[PDB]
Amino acid sequence: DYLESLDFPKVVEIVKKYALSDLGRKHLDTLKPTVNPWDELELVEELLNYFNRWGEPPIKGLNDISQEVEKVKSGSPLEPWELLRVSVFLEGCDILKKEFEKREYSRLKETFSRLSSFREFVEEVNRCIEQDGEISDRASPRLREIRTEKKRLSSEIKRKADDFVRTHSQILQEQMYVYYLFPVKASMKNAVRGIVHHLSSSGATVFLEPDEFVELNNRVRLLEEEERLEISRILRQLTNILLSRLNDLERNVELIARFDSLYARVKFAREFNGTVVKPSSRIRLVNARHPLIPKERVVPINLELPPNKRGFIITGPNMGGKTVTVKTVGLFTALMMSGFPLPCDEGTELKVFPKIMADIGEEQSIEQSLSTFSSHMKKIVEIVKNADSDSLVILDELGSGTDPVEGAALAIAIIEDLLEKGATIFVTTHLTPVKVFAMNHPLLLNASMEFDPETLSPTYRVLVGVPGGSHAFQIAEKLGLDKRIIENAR
Amino acid sequence: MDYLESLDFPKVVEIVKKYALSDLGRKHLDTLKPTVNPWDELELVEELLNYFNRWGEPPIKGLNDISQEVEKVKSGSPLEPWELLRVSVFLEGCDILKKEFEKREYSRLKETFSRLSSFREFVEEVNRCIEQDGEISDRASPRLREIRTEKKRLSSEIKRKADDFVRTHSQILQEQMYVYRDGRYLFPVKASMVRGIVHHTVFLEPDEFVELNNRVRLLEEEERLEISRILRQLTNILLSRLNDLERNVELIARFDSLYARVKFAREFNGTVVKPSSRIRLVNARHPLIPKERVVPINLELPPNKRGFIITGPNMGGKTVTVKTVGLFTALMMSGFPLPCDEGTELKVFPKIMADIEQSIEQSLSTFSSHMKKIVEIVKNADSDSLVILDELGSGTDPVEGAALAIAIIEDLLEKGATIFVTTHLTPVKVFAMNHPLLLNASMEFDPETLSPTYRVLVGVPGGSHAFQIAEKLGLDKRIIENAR
Ligand SMILES: Nc1ncnc2c1ncn2[C@@H]1O[C@H](COP(=O)(O)OP(=O)(O)NP(=O)(O)O)[C@@H](O)[C@H]1O
Ligand SMILES: Nc1ncnc2c1ncn2[C@@H]1O[C@H](COP(=O)(O)OP(=O)(O)NP(=O)(O)O)[C@@H](O)[C@H]1O
Ligand SMILES: [Mg+2]
Ligand SMILES: [Mg+2]
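Those protein sequences? They're chains C and B, same order as listed. Residues 2 to 180, 185 to 495 (the deposited numbering) make up the first sequence, in order. Residues 1 to 193, 197 to 203, 210 to 365, 368 to 495 (the deposited numbering) make up the second sequence, in order.
A portion of the hints provided could be inaccurate.
Said to hold, decoys possible - The list that follows gives simulated cross-link-like pairs (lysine to any residue, SDA-like), each with its CA atoms no further than 20 Å apart:
| id | chain 1 | residue 1 | chain 2 | residue 2 |
| --- | --- | --- | --- | --- |
| 1 | C | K483 | B | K383 |
| 2 | B | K11 | B | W39 |
| 3 | C | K483 | B | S370 |
| 4 | B | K426 | C | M193 |
| 5 | B | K383 | C | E425 |
| 6 | C | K488 | B | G76 |
| 7 | B | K383 | C | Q479 |
| 8 | C | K11 | B | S374 |
| 9 | C | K488 | B | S370 |
| 10 | B | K488 | C | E425 |
| 11 | C | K384 | C | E425 |
| 12 | C | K190 | B | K33 |
It should be emphasised that the hints constitute simulated quantities derived from the structure, not laboratory data.
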């Protein structure tokens, strides 16, 4: 997997932090390098100008209702709190579709005009169900009647109960009523003709239902079952509105996922000062800023591959930015080809590469017989076998992991093989014969990361044409190595 | 990665955890870490290894993870009948494990598992009150079955009286039947409404049946009150010996970790290596390498030598070998046996450091990830430090990296550290043969088969053989030809 070597999912995860739901999160994970990304980029470019013009678009209610949609598809009825979620999400779909028709943005308009209006469903839910989740009296007249009769009956028992309390103050432990039954004391149990239900943990209370309370409690309990039965009919009738338009609802959920993936990419562009770069025939970075470096630390990278060139060998000091710069070419190419905007300045150009390959990093596994040399070389054999004119190749620390005289000879032959095959390559190295082969070969270009002599530090500037060295002693000193060991080394 | 992670230590501990009887031993195996005095831990493994070959597997039935039942007691809550049976079978598994070790000749086993306190009374009180299926027997208490005798005798009586009421009151009954609902006998009386309670033809409960159906409800709630009285009296038997109980759960966890280590050594042909004064691997087999693929490793650090410099072919085993010295040392100090031969010697090192590269955009490069660790190791290396340095000097130009590798090795040798390194830089190789504290080693390569053999050749330096190994991994011959 070459995208992982170029930190591709780490940058997508940065974009996913702006998604308004886990719908766009899942859809962003579907965006991978394609040969024809123009439609995806123009959609990002359209919503980008939208933000600059009219600000953030309407987004209230655009939550992840994937679970609720499956429950309807499964045939089950939705709970009142689920119908509220689906409704506020469907009303959000209505506002989003409407808002994209009064504006100038074409591709946004034709794409999300495919949303399905559920204005009928949103009205029934807002009429039957209130904000806290209860069923409103306005739902059905039948429920309205049962509640009135249940309240009228419950007001009678509570009046009769307070009469039983004031008149039977000698048989009651606590002078009250419970749950509708009475806390009568045992021993004084057979005093009132009634039905025994529950006993106290010490055998003191006999929680009894008096004679004149049995049929009344039963009438109230039937009214409650009537209320429960009517609510289940109200919820079924509401969920059926969604069941009858299941395809319309599932299309609304995918379109919000797509819009959410576009919404996250646009807000990523404004935080990082992004630019929508489209496939060109040149590779030029203009003040490119790696999204994984903090803004306070990042130094923009300027690089341009001349048209008469095919390879870029990068040398320079340790921690000078050789690998990061080589990563930015592969990453930004894979990002544009996926449909993402790029943290760079206007004028940046990149080129569609059907084959993007990278050899970055070393893996040590005993199980996979993986060694420093083996993990690199097993990728090299992969790349060499499939490198052609459509291939862009990123080779990090070519020739490292073995005898320097043999690694530098392997490094030069591999570069030669990719060049003959018509591949575009970006290479880091710290071996001298590789630097020499780069300036001897007319298809190769040498560049180095800048090193400040007075400050003994890297400046992260790309100097084209000049090779550079590792400066290992000054970097080891900055990394904390004792001055004793270094003065010894020099 | 920390030092133990660089040596695949937790990956190996994961192998032994597969042999545990329960999560009691899996959790305890996660606590075993390199200690300076591992003698008792290793002697217990050896004694249990002796027991296995002598008497077979020890008694193990009932030694499940009952940690949750022990915590429920801690919270004062009473335990359900099935929880009573789980704990009762664990404690019985403790009494059979104790009695088995006391009749043997393994001191540290008996002595350690003597602190096992047996709950013979709790086992007998659970087996008498609780039945195997989870029901409450009648011997549980004299009141329990007096209630059940009166409940059974009453239940047969109301039903007989219900049938009599139907047959003797047909004139007032809509249909000849009785209704049972919510534990009450109900009768379909016509408008000719017999005194009693009407539960919503009128469904009527005659006054005779009101007091009788009541008595049914009282006796059923009295049974529930008595079973909880017993479930609490049962739980409290353990609470009076809760310290004995929690000690019993740890002692079984310690046994389970021993049981797992013995089963691991028994399966990998393991040897209990104890601390010595020297380092010598006699046919060491790295446990992460498949059994039908590993080649045993032989290696020995001479007593006048404190640095092992391993060179040789790419994919030749330089790293895994030097890793094996560090891993087998850490495992030994943690109480584990080792896949090696009788004769292997390892030495206790209170400080174990390793270097085996991270690449992260918060200032970690190839050179940085290594050198950031080196500065940490140099800062803390002393006379009892075992230091493992993989690919020392890589990540820079060959010239300065070689001068940095030599200065670090000799700075660490001066501190008194024992050091195992891998390298492929010629100046480091030459430094190893000219310095009195250094020894040069190399992994063998077969020229005919053009493949490494993973045999340690001591005394001579070696070579990477990149061209041949790149050929064995598939790189086209024309690239290799252009390289040579
Ligand atoms: N353009 C940049 N602006 C700011 N910081 C940067 C830039 N490029 C790199 N860095 C930082 O510097 C570090 C050096 O990264 P890296 O590219 O691996 O150096 P390197 O040249 O590869 N060192 P090495 O591979 O060991 O020879 C990165 O991890 C970032 O933290
Ligand atoms: N004794 C052994 N028996 C069997 N397989 C082994 C043995 N030692 C090593 N291997 C295998 O060989 C692989 C290479 O080992 P490794 O120690 O990484 O070589 P290396 O010398 O470090 N190569 P490099 O570091 O890139 O120069 C390991 O991942 C194992 O799969
Ligand atoms: Mg690097
Ligand atoms: Mg290695």
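Evaluated hints:
| no. | hint | in the structure |
| --- | --- | --- |
| 1 | C:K483 x B:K383 | holds, 10 Å |
| 2 | B:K11 x B:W39 | violated, 23 Å |
| 3 | C:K483 x B:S370 | holds, 18 Å |
| 4 | B:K426 x C:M193 | violated, 90 Å |
| 5 | B:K383 x C:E425 | violated, 40 Å |
| 6 | C:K488 x B:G76 | violated, 63 Å |
| 7 | B:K383 x C:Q479 | holds, 14 Å |
| 8 | C:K11 x B:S374 | holds, 16 Å |
| 9 | C:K488 x B:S370 | violated, 26 Å |
| 10 | B:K488 x C:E425 | holds, 16 Å |
| 11 | C:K384 x C:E425 | holds, 19 Å |
| 12 | C:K190 x B:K33 | violated, 64 Å |
Checked against the numbered hints given earlier, the structure breaks hints 2, 4, 5, 6, 9, 12 and satisfies all the rest.
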